[PDB]
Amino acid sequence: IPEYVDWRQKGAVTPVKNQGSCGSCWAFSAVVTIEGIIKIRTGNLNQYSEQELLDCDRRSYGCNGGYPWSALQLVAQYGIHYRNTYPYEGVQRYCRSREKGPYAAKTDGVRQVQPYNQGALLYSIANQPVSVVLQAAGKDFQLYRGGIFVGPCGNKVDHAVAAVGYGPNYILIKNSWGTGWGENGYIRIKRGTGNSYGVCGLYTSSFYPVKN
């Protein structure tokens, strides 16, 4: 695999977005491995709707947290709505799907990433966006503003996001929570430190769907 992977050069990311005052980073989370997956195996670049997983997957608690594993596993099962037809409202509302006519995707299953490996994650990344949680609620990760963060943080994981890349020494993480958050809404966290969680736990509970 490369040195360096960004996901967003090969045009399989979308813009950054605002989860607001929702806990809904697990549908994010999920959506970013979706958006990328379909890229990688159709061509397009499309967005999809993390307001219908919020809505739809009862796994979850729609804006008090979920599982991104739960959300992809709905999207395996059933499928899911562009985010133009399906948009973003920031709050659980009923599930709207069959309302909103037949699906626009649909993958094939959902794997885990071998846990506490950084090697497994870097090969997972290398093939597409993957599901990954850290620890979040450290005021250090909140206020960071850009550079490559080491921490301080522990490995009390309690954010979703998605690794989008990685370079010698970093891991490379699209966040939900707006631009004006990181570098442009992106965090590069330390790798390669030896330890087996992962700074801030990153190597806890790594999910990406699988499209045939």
Given for the second form:
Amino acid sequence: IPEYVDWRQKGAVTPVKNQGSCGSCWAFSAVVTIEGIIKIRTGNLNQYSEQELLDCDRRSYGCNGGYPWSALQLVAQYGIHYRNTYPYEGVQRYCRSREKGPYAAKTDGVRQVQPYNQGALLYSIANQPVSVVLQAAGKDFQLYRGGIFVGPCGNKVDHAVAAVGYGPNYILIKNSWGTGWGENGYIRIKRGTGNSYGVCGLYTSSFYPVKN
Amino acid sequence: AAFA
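Same protein, different state: after the form deposited without the partner chain, show the form deposited with the partner chain bound.
Zooming out: every chain and molecule, the one shown earlier first.
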């Protein structure tokens, strides 16, 4: 369980993206999750469509609300297309999955990490990236243009992102905003403080598919 | 509630 875990230089995460004026956090976080695992075994890095997840997942409320843990489940159940055969537009619409044709990616299950346990988060993040939530409605996290976020912030979780590494002290997160935020679309939050919930409630509820 |  290395002292350092970066999947970027591991060839697991692709360039950064933006959800835009679309409250669709959840589908983006997922595509990165599934994505990671998909490349971890096969040795093939891919960019899947979040747009599809939006238009297809009726359980989620597309362009403004969702469950990073429906998306995944969805995929495993059905599947998910490339981000070319289903590029992101930013507006929820009619499911094209079927109309689009044969799927391209399809997992083999979804599991959740025991909330409120850093030790647990890491491990999984060590075996493969994960979808995690937190407080973004933040007025500080909103302004982050590079650094180690300690706060201030709260325990009112409401935005989903992704963890793509950690250090002895900083946890790495991929944001669904442009590369005109944090440190090039990236933000480092601090771990090991005692805060069980985890600063910004980053330890509330996390997840991930399964792959054979 | 749903994450936006």
